[PDB]
Amino acid sequence: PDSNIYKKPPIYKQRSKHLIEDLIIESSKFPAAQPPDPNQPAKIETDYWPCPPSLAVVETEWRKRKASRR
Amino acid sequence: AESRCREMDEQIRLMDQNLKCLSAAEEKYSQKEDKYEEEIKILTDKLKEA
Amino acid sequence: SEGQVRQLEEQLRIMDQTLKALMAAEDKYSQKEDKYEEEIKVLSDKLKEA
Amino acid sequence: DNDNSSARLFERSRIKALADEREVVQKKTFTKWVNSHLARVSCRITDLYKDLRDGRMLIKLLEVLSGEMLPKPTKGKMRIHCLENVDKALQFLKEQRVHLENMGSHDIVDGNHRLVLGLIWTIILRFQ
Amino acid sequence: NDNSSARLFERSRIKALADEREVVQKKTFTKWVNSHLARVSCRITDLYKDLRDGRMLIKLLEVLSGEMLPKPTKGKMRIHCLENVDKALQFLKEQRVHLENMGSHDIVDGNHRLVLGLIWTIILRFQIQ
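Residue numbers (the numbering used here), protein chains in the order written: chain R, 2 to 71; chain V, 53 to 102; chain A, 9 to 58; chain L, 515 to 642; chain Y, 964 to 1092.
By construction, these hints were calculated from the structure, which means they are not laboratory data. Careful, some of the hints might be misleading.
Label-pair restraints from in silico Cβ distances [to be verified]: (1) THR61(R) x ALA533(L): 25 to 33 angstroms; (2) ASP1009(Y) x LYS9(R): 26 to 34 angstroms; (3) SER69(R) x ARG970(Y): 28 to 36 angstroms; (4) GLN35(R) x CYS57(V): 54 to 62 angstroms.
Straight-line alpha carbon distances no greater than 30 angstroms define the calculated DSS-like cross-link-like pairs of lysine-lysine that follow [as the list claims (entries may be wrong)]: (5) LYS541(L) x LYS30(R); (6) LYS530(L) x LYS67(R); (7) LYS49(A) x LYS72(V); (8) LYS28(A) x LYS100(V); (9) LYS28(A) x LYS93(V); (10) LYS1022(Y) x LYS978(Y); (11) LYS530(L) x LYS44(R); (12) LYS18(R) x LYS978(Y); (13) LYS98(V) x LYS56(A); (14) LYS1012(Y) x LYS1034(Y); (15) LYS84(V) x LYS40(A); (16) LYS530(L) x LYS546(L); (17) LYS589(L) x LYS9(R); (18) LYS43(A) x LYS80(V); (19) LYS28(A) x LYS98(V); (20) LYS530(L) x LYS36(A); (21) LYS36(A) x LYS80(V); (22) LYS65(R) x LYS541(L); (23) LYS589(L) x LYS67(R); (24) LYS93(V) x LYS54(A); (25) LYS9(R) x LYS574(L); (26) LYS978(Y) x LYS30(R); (27) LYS9(R) x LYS30(R); (28) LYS591(L) x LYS574(L); (29) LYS72(V) x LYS54(A); (30) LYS65(R) x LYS564(L); (31) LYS30(R) x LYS1012(Y); (32) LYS98(V) x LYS54(A); (33) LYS44(R) x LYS18(R); (34) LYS18(R) x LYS1056(Y); (35) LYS589(L) x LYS65(R); (36) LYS9(R) x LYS546(L); (37) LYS87(V) x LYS43(A).
Built from N, CA and C at the ideal position, the CB exists for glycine as well.
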């Protein structure tokens, strides 16, 4: 009854080879096959995400557009 | 907003008509009380005569 | 539409504030009348006894 | 219908008016109390009902008050990520054995006034 | 209408993501193949074009496995290239490695995804010496 879901580690986390081949194996895990750009926002932050956002963000965007229109 | 406006208009018209009815009764109450005091006067001088 | 909504809201508030005074006057008129009723019946009983 | 109209007049005027005055005063006072503690970091809220929807500022306020590190918010701008971010703060409150009743993530996200005010009041009663 | 927007979404997003991952993996795969091919006097510049005749694949398997492969056929025709690719693929079948949707004409015709998949399977499952 009193526990936090997010503080626990994920369930799937619980369970010689050439070094360069290990490097190419763990380089392929990233979606872009390379380490991500540090100061770049993720795909969810970007506004070209096709799915519509929450309503409060739409009201904020409307108010920004209205202040731009003057 | 327009759908709200129409039901507000209905409300104000109905309640205005209610106010008119209450004012109409409030007019009659005063002459009613005066006619009631006249009975006091008649009854007390009848009592003295008796 | 928004402007019309809020001005009619103000009208509704003013008019209910108007109606409350008629309510109070009605109540106090009736509370004045009932003791006149109780007075005349007692004094008429005294007159009949005399 | 006349006495029915009078009863509707009474419960439209007085019950609404007293509750609205009390909740407006409580909203201003709670806004000042939250702004005092949230000014240690560079954060400020203008409206209590609107800025608390996304759940980030609730996490910042709980981090300032409690003093340890809550899990970082879910990286998103959708309704589901919003619900997740509010649920994180609610679960962290469930750690501290603070008793919350009729409180859910969707109630904060939708912006129910009474439940948001009650959440702020419960936080004030705990962390003062 | 809806179909035009769906086509635009497909052509932008799917192709952009696929090409980006494909060129990154091709670059790093080419560097790895050159690193293992530097023992002999061999070097490839483009992964798709240089693997068509099948000599580089045979020499790469010769270097990696450390055991002798059959002699490549003599010729410059398309069918000789099919022979040279088939020898290397059949040797990979001999080393118990499971290749899927693999044929000689795919390597000879230079299909990008299948070439990258073959190189990735060689990187993953093939044991070296």
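Hint numbers contradicted by this structure: Numbers 2, 5, 6, 7, 8, 9, 10, 11, 12, 19, 29, 33 and 36 - these are the hints that the structure violates, sorted from lowest upward.
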